[PDB]
Amino acid sequence: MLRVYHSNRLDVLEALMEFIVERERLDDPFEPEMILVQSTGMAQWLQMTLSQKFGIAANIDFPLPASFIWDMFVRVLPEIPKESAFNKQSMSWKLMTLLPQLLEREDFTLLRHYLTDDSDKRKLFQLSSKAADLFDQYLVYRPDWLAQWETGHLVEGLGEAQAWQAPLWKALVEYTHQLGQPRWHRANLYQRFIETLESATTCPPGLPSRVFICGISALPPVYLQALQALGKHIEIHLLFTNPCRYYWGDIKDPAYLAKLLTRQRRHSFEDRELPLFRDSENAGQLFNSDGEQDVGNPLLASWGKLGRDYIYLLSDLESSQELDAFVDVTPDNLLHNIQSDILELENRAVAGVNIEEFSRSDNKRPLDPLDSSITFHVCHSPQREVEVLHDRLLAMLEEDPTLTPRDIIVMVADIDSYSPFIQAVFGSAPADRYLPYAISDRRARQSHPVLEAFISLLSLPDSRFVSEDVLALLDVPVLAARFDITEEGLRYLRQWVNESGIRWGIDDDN
Amino acid sequence: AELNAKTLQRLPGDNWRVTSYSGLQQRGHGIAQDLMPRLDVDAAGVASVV
Amino acid sequence: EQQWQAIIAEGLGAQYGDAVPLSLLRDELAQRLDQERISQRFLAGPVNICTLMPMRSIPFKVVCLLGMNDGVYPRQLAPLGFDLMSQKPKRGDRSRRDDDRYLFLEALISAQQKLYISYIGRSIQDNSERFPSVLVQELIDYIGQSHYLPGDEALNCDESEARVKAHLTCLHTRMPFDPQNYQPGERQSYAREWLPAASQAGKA
Amino acid sequence: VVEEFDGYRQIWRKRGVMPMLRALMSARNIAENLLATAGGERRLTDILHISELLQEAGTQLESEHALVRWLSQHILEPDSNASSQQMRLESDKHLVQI
Amino acid sequence: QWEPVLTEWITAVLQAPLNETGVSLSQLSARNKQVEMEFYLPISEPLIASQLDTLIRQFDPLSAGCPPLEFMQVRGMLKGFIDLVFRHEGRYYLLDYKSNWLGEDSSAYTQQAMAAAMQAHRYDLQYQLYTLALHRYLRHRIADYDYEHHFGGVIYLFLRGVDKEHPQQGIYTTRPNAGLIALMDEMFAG
Amino acid sequence: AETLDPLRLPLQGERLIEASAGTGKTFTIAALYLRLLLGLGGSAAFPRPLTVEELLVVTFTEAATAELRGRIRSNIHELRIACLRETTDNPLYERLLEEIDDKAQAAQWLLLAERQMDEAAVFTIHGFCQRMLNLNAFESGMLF
Ligand SMILES: [Mg+2]
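Protein chains in written order, with PDB author numbering: chain A, 1 to 510; chain B, 886 to 935; chain C, 613 to 816; chain D, 641 to 738; chain E, 985 to 1174; chain F, 5 to 148.
With the rest of the complex left out, here is chain A:
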């Protein structure tokens, strides 16, 4: 069965997962646990929490949702290759060959004028990559489009670009057939897998006992359909972090609103039912004629676009069971006040449309001056911003003894832009006034000099061979160590190259 757990905080879902793992365990020790996460840090945090509670965390796999779905496809349906022939990487190299042949056709005339300029095949490769990305996105989200394009028909009421995209894909479906690669892909596999699972009398062998999905707040609808089909045979546990207690998604039709009102969420351990809406009788008043609900809190209304579609798709599941793990947030601080406003789906902001409401301010909640839960800081430069953040973190650490450096997190829009200032400010700090830090999500290319140097070596054929460039190549320590050149010798080499007359060029042939 497919079970959906709702909780405002991730810690309660993690504790429920720990409880589920403690109650029932896999029969075979080699059988690895399955957890579905999209980010690596989430898997690291889950492993750390599980190892801290149970005392160890091993034999746990964290595959991506698409990889897990393809693995289930390979396991259930017969005669399926391990790796799909249709993927972002291979479709690029296939279209790179397919496009010049299709250039002659009228339908691709707009592409033809684009491919006339390039002479080193850069435009062809870039177009192939940009088309393979959109083909992958269509495989994921638009299977009916590709199913109609394969036959040769066009989708009614679509964009004009389809005119050049529909034949090409079809040619691809033919071209991969000529090479002998497997015909199967995700769009064809979806319906056959769903039918095979629906018509199965017993669970097919090789399936995992239980599957955990956690940390994922957005899933494609077809993946949700496949998970609903798979839940009947193997147990699936979805841990969804829901910021609002009540149902804040939109509705499709009033008939959908009725069966939505019928649905209720049971308590985790108290065995008490709870309605989805705060007021069942006045639930229809909230929704608009088009079907878009008006969210009570303005912040959740503005920033809740992503979770709204996900909760609406989760509510559509017929055979899914739902539970509530929500924890109340006492409004003892400003941040707690905002979180409680988000949780209880209420708007405390006063509009002031009335004269009495505009005249007085007693309607608002009283704020404490010493309270510093939410603070805003204005700086002049990123250097000053980090220099102020360091002192603020030191003050926060001095204020609270239980606070530790690991508990603090600092997020920046562009990590690469602020990494130099972060390093400089945190390193310039003395011994006593020191704070250990660690930087993540930085680009790998800028990590080591060797990576940058090699990239330059790849550009040897199209080079003018300036003397300063060749000397900067020697400035690298590993390269100088390879040719047994020291720094004292590097000085003599610099002087001799300066006074000898070497300006540019390696030989007359260059």
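Bear in mind the hints are in silico, worked out from the structure with no lab data behind them.
Coverage of chain C stretches by chain B, computed from C-beta distances (three or more under 8 Å per stretch; other residues unrestricted):
no.	stretch
1	651-665
2	789-801
3	806-812
Ideal Cβ placement from N, Cα and C applies to all residues, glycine included.
Could you slot chains B, C, D, E and F with the ligand onto chain A? The hints should help.
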């Protein structure tokens, strides 16, 4: 007016850390473990294989 | 070597037999090196300093946000222009704008004890005014409208909102050696390195 | 003094460019004597801006000598249209503005 | 040109006898093998090199031969990767691969030389921590687990040392004492 | 030449505006932006109300760009608050409310416009050229 900077009565501790056997034993590796999580760090210091 | 092998393996998987120049593989390698990122020390134990990653929401006691100026966040990505999905939106579609707009709410609700927000209000060169992101603006507007400072009951809603928004915004000095930093208050610095310069005690 | 400059070079190799300049200014009281001297505030602001620029540049360079070469190249031929190279405001105080 | 040799080099590894039992890699089925298992081990109390070395030296003669350990006090998680975990006749084992270039000749890959090689690189603490991890994992996963019944020992395989003619070369087998594992577990716990 | 009136300016075809020193051209730009958002002016008004993304503004420098963007956001917020309260002290907002037929629909439109302020199409010449080349790589022939 007189100007005096604040002092830190408590010093933050770097005792808590997540480590591996290679980082605990082999100091020379440096950040080699960060670049490749599954790099064979047991063997280092290549020799002449001309 | 691994990236090079992966590129050439993905090329050979499609059985491409035509000649390939060096510049193509070079550019492919240079792009893939930029795409890859390192996150092995996310929870090592020191303070975590990284970018906002979608779908990653972990509870932390102190959550700080830097670089929230207008035009920097939310990060913007434009469609190709020939993407049929972008022309007709549908439920379940994912855009980077909505991803960042929901990451901001995730970071708001993830803060257990303290939330910190910083942005560049004034330009260091021309001393000209700069504005924050729209999300931080909506947040501070909601905070000002929702709450009132003690002793402001007599005043109207707009004056109380303005007074509350002024109470939470802290404008720091332009230079680290400014004496205003080394005074008893909320923004007293822990760096005694600039204390001698501030005391203006020196020989010409 | 040679040992002191060797320690400065070690700090440069380990922590970075600006962490070395910070220690160099703190050990010899450069900022204090500059602010004490008439007109030294402009010089101190320029030094700090150049330190920030040197950090930003050395972040994206292969070797340490490459940073010295980059600084010398920027010094030999300067760009006035670049917004980053524009000189910052000398002081935030209320003074006669030219 | 490395094709004809390496293939043979693979076969001698698959058809080699790991221990007294005579179990071989080729015999093992796909369901009985686990490759590259990752484990996290929590350390509740600070770990001191001196006390750990004092505890380890008495139980293990290899550690008694080695010089004392030196490392900073650590408190947190321990990350580890295991090359191969396989069960034979109801008893679980541990297998690690070592691609280190010990010597240029076969005599450098003998058992006596492999002992000194293990001593030099301090792989003893490595396999001891791996045994602690595997013991905790088998205790957690298996409802009825006994260390004496379900543990088979540690196997280190030097790929270059492996030779078809000489069975002893290229393999190092050693099972830690149960009391040492229990004391290490108690030390890591509290 | 004719004395300019922001409320009565016909937003059709090509119009040239001369703003002398001290006249405050930014105020007129903001008033015209609000008119284009709300479609006010009758015959002088645009045939259909335009969204924030559709409106295009070109500025000389980055600082002027940020200043105009922030001022447009502030004016949108103030006009929305005035439409909600239906009573404003500013004369320009008062004339706008006079021209507005329905204040609730205008307030909803202004709320949507304020929520779409980060996607405002206010750029410089170089940024506009770069974005137009990127969005139309096929027609222009530029690399991706
Ligand atoms: Mg190994």
